[PDB]
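Quick setup: one chain, the form solved without this ligand, written in structure tokens, and binding and motion questions come after.
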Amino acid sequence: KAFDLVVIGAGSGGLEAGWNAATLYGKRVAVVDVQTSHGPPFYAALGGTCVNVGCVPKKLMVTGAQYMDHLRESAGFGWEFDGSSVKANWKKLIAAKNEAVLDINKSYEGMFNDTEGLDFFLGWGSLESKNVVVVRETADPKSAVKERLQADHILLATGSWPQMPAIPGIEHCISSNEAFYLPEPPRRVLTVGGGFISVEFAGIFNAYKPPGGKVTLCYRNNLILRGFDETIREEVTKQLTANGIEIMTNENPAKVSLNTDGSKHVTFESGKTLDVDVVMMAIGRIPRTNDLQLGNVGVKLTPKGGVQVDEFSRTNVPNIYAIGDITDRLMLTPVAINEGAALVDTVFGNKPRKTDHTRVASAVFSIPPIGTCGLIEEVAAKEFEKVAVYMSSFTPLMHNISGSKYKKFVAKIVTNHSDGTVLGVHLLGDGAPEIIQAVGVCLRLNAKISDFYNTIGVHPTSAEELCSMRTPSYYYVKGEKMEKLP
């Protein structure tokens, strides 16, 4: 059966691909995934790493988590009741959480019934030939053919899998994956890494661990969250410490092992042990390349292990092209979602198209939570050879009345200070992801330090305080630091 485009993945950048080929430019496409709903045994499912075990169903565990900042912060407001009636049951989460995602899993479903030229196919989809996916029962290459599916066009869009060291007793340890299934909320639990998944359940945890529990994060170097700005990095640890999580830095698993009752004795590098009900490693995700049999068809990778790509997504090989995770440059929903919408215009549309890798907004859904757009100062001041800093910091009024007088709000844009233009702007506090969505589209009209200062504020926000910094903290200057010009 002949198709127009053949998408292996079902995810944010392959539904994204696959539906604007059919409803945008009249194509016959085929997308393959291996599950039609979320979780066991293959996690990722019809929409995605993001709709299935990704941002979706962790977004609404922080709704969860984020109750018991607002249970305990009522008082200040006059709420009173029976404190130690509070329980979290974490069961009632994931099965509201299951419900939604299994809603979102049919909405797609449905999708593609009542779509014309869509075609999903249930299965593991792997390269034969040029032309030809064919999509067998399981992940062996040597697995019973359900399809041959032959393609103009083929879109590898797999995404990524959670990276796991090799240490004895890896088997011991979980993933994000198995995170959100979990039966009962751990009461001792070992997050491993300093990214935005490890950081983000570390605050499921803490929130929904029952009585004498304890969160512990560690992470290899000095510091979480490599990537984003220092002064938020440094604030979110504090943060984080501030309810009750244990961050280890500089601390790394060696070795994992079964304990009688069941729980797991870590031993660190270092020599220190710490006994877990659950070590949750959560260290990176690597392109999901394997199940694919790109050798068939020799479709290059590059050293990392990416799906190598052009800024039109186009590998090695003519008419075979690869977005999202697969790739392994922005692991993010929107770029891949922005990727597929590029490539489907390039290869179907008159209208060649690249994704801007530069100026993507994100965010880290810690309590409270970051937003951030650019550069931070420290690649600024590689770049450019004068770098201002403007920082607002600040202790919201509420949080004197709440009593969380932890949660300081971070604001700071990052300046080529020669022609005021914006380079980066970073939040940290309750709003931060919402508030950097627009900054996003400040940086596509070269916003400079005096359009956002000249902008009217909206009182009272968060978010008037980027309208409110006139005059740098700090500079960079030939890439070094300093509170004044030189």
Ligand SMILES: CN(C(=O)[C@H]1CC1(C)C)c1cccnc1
Second form
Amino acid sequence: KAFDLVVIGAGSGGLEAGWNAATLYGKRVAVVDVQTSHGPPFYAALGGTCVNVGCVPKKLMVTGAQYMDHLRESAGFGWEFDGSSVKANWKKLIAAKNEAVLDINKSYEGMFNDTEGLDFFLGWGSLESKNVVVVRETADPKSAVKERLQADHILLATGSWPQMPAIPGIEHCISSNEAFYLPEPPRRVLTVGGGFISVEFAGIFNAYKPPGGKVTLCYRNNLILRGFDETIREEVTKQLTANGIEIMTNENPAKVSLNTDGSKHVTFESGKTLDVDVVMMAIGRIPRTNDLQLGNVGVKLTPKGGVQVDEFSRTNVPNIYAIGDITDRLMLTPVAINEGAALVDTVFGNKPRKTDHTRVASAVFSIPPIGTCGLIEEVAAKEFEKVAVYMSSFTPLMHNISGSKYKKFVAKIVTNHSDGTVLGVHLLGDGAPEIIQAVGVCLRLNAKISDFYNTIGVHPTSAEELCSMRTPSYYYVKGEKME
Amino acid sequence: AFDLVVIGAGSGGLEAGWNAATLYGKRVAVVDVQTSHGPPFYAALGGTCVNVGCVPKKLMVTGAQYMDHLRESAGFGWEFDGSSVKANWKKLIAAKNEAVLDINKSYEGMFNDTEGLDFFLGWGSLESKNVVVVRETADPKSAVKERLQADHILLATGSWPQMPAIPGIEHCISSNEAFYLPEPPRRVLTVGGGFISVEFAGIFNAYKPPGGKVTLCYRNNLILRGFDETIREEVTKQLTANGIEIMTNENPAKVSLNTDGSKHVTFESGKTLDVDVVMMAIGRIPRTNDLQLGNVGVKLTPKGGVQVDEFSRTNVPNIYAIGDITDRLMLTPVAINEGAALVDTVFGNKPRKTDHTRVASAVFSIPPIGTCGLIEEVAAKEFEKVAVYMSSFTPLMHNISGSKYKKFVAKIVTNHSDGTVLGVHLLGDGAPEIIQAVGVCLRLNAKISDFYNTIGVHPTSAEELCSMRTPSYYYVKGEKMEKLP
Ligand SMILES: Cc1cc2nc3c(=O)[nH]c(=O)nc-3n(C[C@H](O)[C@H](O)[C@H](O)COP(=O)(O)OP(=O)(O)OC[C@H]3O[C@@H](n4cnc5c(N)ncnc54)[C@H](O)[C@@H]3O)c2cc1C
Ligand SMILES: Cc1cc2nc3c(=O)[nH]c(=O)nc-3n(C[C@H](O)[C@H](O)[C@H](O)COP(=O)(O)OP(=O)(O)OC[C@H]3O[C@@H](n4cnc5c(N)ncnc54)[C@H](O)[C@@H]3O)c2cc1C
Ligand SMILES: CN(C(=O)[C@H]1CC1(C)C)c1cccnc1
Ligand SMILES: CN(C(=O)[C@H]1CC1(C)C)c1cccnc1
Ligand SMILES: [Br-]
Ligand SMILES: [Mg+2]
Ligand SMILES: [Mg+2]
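Alongside the form solved without this ligand that was just displayed, please also present the structure of the form solved in complex with this ligand.
The next block holds the full complex; its first chain is the one shown before.
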């Protein structure tokens, strides 16, 4: 049939775009996805990666993982129970997560049923012609044509996909996609990658591992979580270690084979070896463009595989747009959502708007978690003559009593010292993701450190640290650190 | 002889003291009655918050939270013998005691490792407008430990629980004794609808022995006057859902010791109840008496708090009052801000006034409140058109947790004329942490569109603040309605 807009991918960005165009601009909209509910074989489905195999399940599972800390920490506050009766039933967690995800899948289905002028098509979308999306049975372009959709405008919103290194024994390794469906919690697991997904999963597995289990995280580079504040990177390495995770830095899997008992035998380029039940590859995500047959319309790609866009999410081909991870800009659900909103307003509203990819509040659901917004000091040091760093690090009192004396809360404010303007705020510790949200609004309003210090604290909180730093800890002048 | 003499080594008194000494190389004496926490005088070096307020309360509310975490864990697949679960109150109090003592010791450190700054022990009162007398007791006619000369005198003696003069008030405790109970009460009546009564009901609720019952009574119809109405009704539910009994329109007429040591409480409605503890938390009042304010003519207010202008100045030159003795917003960070402003003014020659508007604060209820600025009722009497944005969802984790009663409430009250945020009110896990940076937003004159144009952090409760674009209703010239004309 004929549509004002065809969206390929029913994810974070695609549903924002498709709903807005139908409901706010009264366009006739078609959206395509490969599955109506979560899990094998295509993992992402109606709802997107975040709903099905990202933010949503992972948050529920980290929340589950956090009770390992609460059960132990309760004792400092005089809670007593039979420690030897304690089991982390991973099957109950997964079943709980699956229902939660299926409920979302179902509500999106009902949304398509209940919303006139917004139509779902199941299967594989690809570009036939610059105004025709073909929906097929499989990813294979030979496969049978379920639909052919005439389209004034086409939005590519197919998101990203885990990266698997071409090494021998790749086949004995999983991504985060399979991790969400492990039938049993691995006794020993290697997470491969120093990024948020490896770290967040190392925490999940560490809490639900059967007795005498072990979690190992490996990263090629010296220090996990590049892109994050360096003090936070080092402090989070220490606090993961304190909770019994083995962080193997400057190490990479050369090869995986099977022990005769089917457990996975890891050889690191360093001549180290490890035997584990699971190797989870979390080394990167690449934009999903192969199946889109973008050759048929000549949509400009990067070598990486990303769809190249201007600031308004417009491709080199007019009437064809891309938003979300497929653009390989910032791979976060609220950024994809913002891109979809901004696009539809631009194209169908004539309310021209670009997404601002700077000063984007984000979190890592590590144990403990990270909250961050804006520049780290190294980046700011290259762009500003004078950078001030305000830093407060302290084990909070609750965590003297709790027994987790290692759980130091870190708060860091990075400023342009020439005028006090806050460039970056970086938090590690319980509450960090909740604290940082309204800090996003502060940086949109060009808050200065005097706007933080002059704000009266909420006490007792971790957050009030942000409002109690009067004096820099150190500086960068012309890119050079100075204590 | 001292540049500054401070009566009270509390939240307000120490900030002024340390700032004066370390920023303006001034010479400061601080008076308090006690060097560490607990009986006989409860407050000590560090003040009410450190010794018998925010600090031990937050530790004890954190303890209480484990009752919820242990239950909730099951939804995520945690399995243990529920029948083995015990709440060792005695452990909690010992742990709290050690935590507070370390802070008492931390503050003694500060006075030591700080030149000019020196602690004097005993009771401050005013002899003359430039001489403080540290006595041995709260009797004006006890020995004179010291005579102190003062170019400037700061009054920071804080507040004190009010005990309603009913028959058998000697059988009741304040929050002061609640912190040192040797055993957790099985039956407890917390008297009052304020944050202290509500917080303590939560604590007693988690540590009560088996067959236990926490009852909260309030003299009027709805707890937490001065907080957002939606939140007041919601907290009331969630406390009920967690087995706390809320008695509204009820107030004790008297208390009698039963022969077994328990308390027979007779209400005004004629209702009775037996409880192991009656904790009165009906209000706190400024510690004005033991200063002798007849004896230099400092003027109190129609409510008993030291009268101050915006610079914390009394009618008497050289004499200031900050914190709870001023009987305004009884919060530690307000005391601290006042003290910092006073010293930056008087000694720093950088005059600065505390902003008593747009103050972020919290109730460590289970679950907690975080709030900053005007509730809609107040806004609606000041602004022609007021918009209320409201989102109330049980967050997903509390589907699986089994605590479906834990609804997160996010309210933004705006000036609808220009969209300026007047108030933000949160109920739910994380509300006190969420609200701090909301305080900064309101100082920067954040509009509702600064919130909704900010990209959310997903998944959080906080991101709901950045997802509200459409008012839920309005007040127009004081009048509530779904729609504008
Ligand atoms: C483990 C994990 C955890 C994450 N955690 C967070 C977090 O906590 N917070 C956060 O903000 N971000 C998080 N992210 C990132 C977030 O999930 C993504 O940024 C976001 O989902 C991308 O939205 P999008 O619209 O670009 O694509 P997606 O939401 O991934 O949507 C793409 C959709 O397109 C479909 N599709 C693909 N190809 C085709 C085709 N040819 N035809 C039809 N349909 C197709 C897929 O089935 C999928 O549903 C996480 C990601 C992962 C993997
Ligand atoms: C149970 C409870 C919980 C609270 N929780 C919080 C909370 O979570 N957050 C929050 O912000 N606020 C909270 N508060 C309020 C907070 O404690 C006060 O607002 C704050 O302590 C007031 O500071 P201040 O400087 O006014 O006096 P205080 O901190 O009370 O200091 C006054 C000091 O003066 C001393 N003193 C009195 N008379 C004399 C005298 N004649 N000579 C010498 N010394 C004297 C006392 O010993 C006391 O140490 C709570 C209060 C209570 C009671
Ligand atoms: C996707 N991502 C990044 O690209 C990180 C490099 C950063 C720090 C911007 C991410 C993940 C979690 C939280 N924040 C950001
Ligand atoms: C002390 N106090 C009040 O007097 C409340 C009535 C208010 C809302 C102004 C308080 C307690 C906790 C958080 N905020 C404020
Ligand atoms: Br590195
Ligand atoms: Mg439809
Ligand atoms: Mg000294």
